[PDB]
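Only one chain is given next, in C-alpha cells, and it is the form deposited in one PDB entry.
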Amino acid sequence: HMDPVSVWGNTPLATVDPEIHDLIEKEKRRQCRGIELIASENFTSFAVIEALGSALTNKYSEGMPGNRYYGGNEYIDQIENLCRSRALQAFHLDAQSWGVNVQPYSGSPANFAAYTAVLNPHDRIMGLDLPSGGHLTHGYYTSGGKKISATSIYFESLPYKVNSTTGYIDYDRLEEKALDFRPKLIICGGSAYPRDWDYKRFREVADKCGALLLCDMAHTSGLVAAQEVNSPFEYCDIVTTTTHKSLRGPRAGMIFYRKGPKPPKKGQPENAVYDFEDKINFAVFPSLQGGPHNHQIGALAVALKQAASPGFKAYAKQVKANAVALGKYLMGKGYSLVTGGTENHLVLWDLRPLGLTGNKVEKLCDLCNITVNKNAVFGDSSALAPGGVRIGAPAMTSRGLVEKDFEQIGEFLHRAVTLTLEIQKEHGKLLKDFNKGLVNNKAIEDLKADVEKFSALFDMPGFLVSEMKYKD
C-alpha cells in the first residue's frame, strides 16, 4: 500500500530522517560556535531560507516570463519578473540600459553561459590568473600547462597577472598581452584580489584590442550594490555575479548585460543597439541549463530586496572596515598581506615568509573552530599546499561583529599561526610528521575553547538559536 500523503509528505524532517536532521543541527551549531572566515561564505537570512525551502521547488518553468515551455507559470512568472527588476534596482541600473538573467544555477554556470553567449568554441579569453587572484572560471590552467577549468578547454585562455612585487594588477602587461593575444573577451573581477579594479583602464584595453569586457563581481557584489566599491557597470558590457557571497543571498548566479543604444565608436554605424539579451538568454536556456530553480529565484528576490536597504549599506561599510581592521592587526604582528592591505571584504595572507603552507594553517585553524581556506598566492603551483590563507569579513560581520571584534579575530589567528609554527618546529615540515602535533595538543584544545566562548555569544541569522537542538 502507498503511505498516506501525511506520513511521507507532511511529516517533519526530524521524524522522517533523524540522521540528516541531526547532521543539520550539528552544522547549525558549528556555524554558531566558530569564527567563520571563508571570504566567499556568508550567513543568509531566515526570510531567504523560507523562500529557498518552499513549494517553488516543484515547478518546471523553462523559457522566460510570458514565454514558457510549460503551463502553470502565472505566479512563477511574477516571481522571476520581480527578481529581475529588484536585481536592476539593487545595482542602480536603468532598465532601458541593462537587463538581467536570474536563472543561472550558481556562479560557474553563470560565467560559462555568459561566455557561451558571446563566444564560439576555442575563442580567446583573458582573465586574472588564479595565483594572482582570479577564479577557476576565468580560464584557469596551471603554470605546468594542465587545463583545469573547462573555461580553458572549450575556450582558449591567456591569463593576466599581478605585478610580482606589488601584488597589484599589472595594467601595462595586461595591455601588452591583450594586443599580442587578441582576445575576444577580457574578464575582470576576482576571488582573492584584495584591491579595487580600474574598470576604466580595462575598458581602454578592451577597446584597443576590440574585445568585449566582462566583470565577474561575485565576491564584492554586496559592496557594489551598496556603492562601496567601484561600479563595473560604468564600463563593462556584461557583469556576472553569484548571490551567496557578500550579497548575502541564496546560492545562485546572475548575468547582467547592456541593452539599448551603443555609445559612439569610430567604425560602428549610427543608431546601433546592443545585441546581448537574446544571446545571453539563449545560452542559459535552452543551450546549457534546463528548468530554472524557482525556489532559488524566489529566495534571490528576497535577498535583492534586503540588499537595497539602508541597513545593508551599513553592513557593506562595516564589512570593509572590519577587513581593514583585521589586516592592520595582522600586519602589526609582522605578517605579510598581499598588497599590504585591502580595499574590499578580504585579506590574502602570504605565509611563505613564515615557512608555512596554507593547508597546515587551515587544518590547525579548523581544529580550533576557526574556518578559513588555504589559498594560492603569486607564484604558487601547489593547490594541495599553497603559500597563503584567505580571510574574509562578510560572515562574521553578518553576526554583528565590529572592528574591535575583528581585532580579536586577528589575535585568534595570530595564536593559531603561532601554534602552527610551534607544531612544525617540534614535529617537522613533512605533513605526516606535522600531523603528529595535532593529536592531544593542549594548546589546540585551549584555543578551541577560547574560540567557542568568543563565537557562541554573537547573534546568528537564519534560524533561532533558542530552538536549536545543540545549545552547548
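We call the rigid core whatever largest set of C-alpha positions still superposes within 1.5 Å between the two forms. Positions refer to the first chain, counted from 1. Compared with the form deposited in another entry:
For the residue set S287, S143, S85, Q227, core-aligned C-alpha shifts between these two forms reach 2 angstroms or more at a single site, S143. The Cα shift for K432 between these two forms, taken after rigid core superposition, is 2 angstroms or larger.
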Contents of the next structure:
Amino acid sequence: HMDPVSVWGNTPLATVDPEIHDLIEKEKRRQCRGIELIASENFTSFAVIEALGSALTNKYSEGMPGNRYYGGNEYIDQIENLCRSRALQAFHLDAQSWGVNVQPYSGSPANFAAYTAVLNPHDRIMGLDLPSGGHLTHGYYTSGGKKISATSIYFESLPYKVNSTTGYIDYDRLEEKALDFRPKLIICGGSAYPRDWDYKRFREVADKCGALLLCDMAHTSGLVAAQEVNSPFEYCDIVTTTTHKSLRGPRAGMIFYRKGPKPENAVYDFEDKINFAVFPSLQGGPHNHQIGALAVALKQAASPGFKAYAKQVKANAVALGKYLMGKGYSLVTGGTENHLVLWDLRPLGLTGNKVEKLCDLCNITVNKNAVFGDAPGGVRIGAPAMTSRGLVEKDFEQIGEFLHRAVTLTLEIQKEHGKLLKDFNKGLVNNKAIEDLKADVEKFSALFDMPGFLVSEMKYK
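To complete the pair, please output the form deposited in another entry; the form deposited in one PDB entry was given just before.
Here we give the lone chain, stripped of any partners or molecules.
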C-alpha cells in the first residue's frame, strides 16, 4: 500500500528526516555564531528562501516564455518574464539595448553557455590569471600543461596578469598579449581583485585585436546594481553573473547580452545564440524555483535599502582595510574599491593556510589566496555577508581587531613551534589563547541579527 499523501508528502522535514533537519539547524547556528568573511558568500532574505522552497520546483518548462514545448506554463512564463524585466531594471539597462537569460543553473554554467553561444570549440579566450585573482571558469591550466578548467579543455585559454609590484591589472601587458595571442573573447571580472575594472580600456584592447568582450561580474554584481562601481554594461558585449554573492540572491546565473544596432546598419546577433546555447544545447528544463527566488532578489536589489547596503559593503571593506594597514599590515594595492580586501602575509613570514586555519578555529571564516600573481601568500576577506547582518564600520574595525589578534597568535605559534606546517599544527592543540578569541568572536557574532530565518525559533541556542 502506498503511503497517504499526508504521511510522506505533507509531513514536515523535522519528522520525515530528523537527521537532515538537525544538520540544517546546526548549519543555521554556525552561520550566525561566527564571523563570515568569505567574499563569495552572503546571507539571503527569507523571502528569497520562501520562493526557492516552493511548488515552483515541480514545473518542468523546457524552452522560454512564448516558445515552450508543452502547456501549463501560464504562470511560469509570467514569473520568468518578471524575472527578466526585473534583471534589466536592477542594472539600469534599456530593453531595446540589452536582453537577459535567467535560466543558467549557476554562474559557471552561465559562463560556459555564453562561450558556447559565441565561440567554436578551440577558439582562443583570455581571462584574469588565477594567481592574479581570476576565476577557474575564465581558464586554468597547470605549469605541466594539464588543462584544469573546462574552459581550457574545450577552448584555448591564455591568462593575463596583475603587475607583480603594484597588484593592479597590467593593462599594457594585457594589450601586448592580446595582440600576440589574438583571442576571440576577452573576459574581465574576477574573484580576488580589490580594485575596480577599467572596462573602457578592455574595450579598446578588444577592438584593437578584434575580440568579443565579456565581463563576469559574479563578485561585484550587487555593487553594479547599486551603481557603486564601474558598470561593465557600458563597454562589454556580454555580462554574466552568479546571483548569490554581493547580489544577495539565490544560487543561480544570468547572461546579459547587447541587442539592437551596433554603435553597415549592423545589429547585434547574441540574443538567439545565447538562448539556444542555454537551451537546447546545454540545459534541460530551467529550475523554476530558482527563477522565482531570483526575481524576488532582483526586486530587493532595486530598492533604496539595497543601494545603502552596497554603499555600506564598500565602506566596511575600506574601514577594515584601513584598520589592518594602521596595524602595519600590507593589503594588495594598499586598499580597496569594492567588497573585499586582499591581505598580503609574506611580509609577516606567514602563509595564507596558517592564518586561515587559525581563524577557522575561532569561527572566523576567510580563505587563503595567492597574491601579486606570485603556498598562497595571503588571505581574501569579504564584507558582504557580515554587512547583511547589519554590521557597520565600527563593527568591521572590531573584526579587524579579531583578525589582528588572530595573526598575532599565528606568529606566536610559528615562533614557538616552527615555520613548517607540520610544526605549526603542534601549536593549535588545546591552545588556551585560541579558545579565548573563539569565545570573544562568538559573543560578538551573537550580538547581530540574521536574515533568512528567525534566530528565536532555531533549534540550537
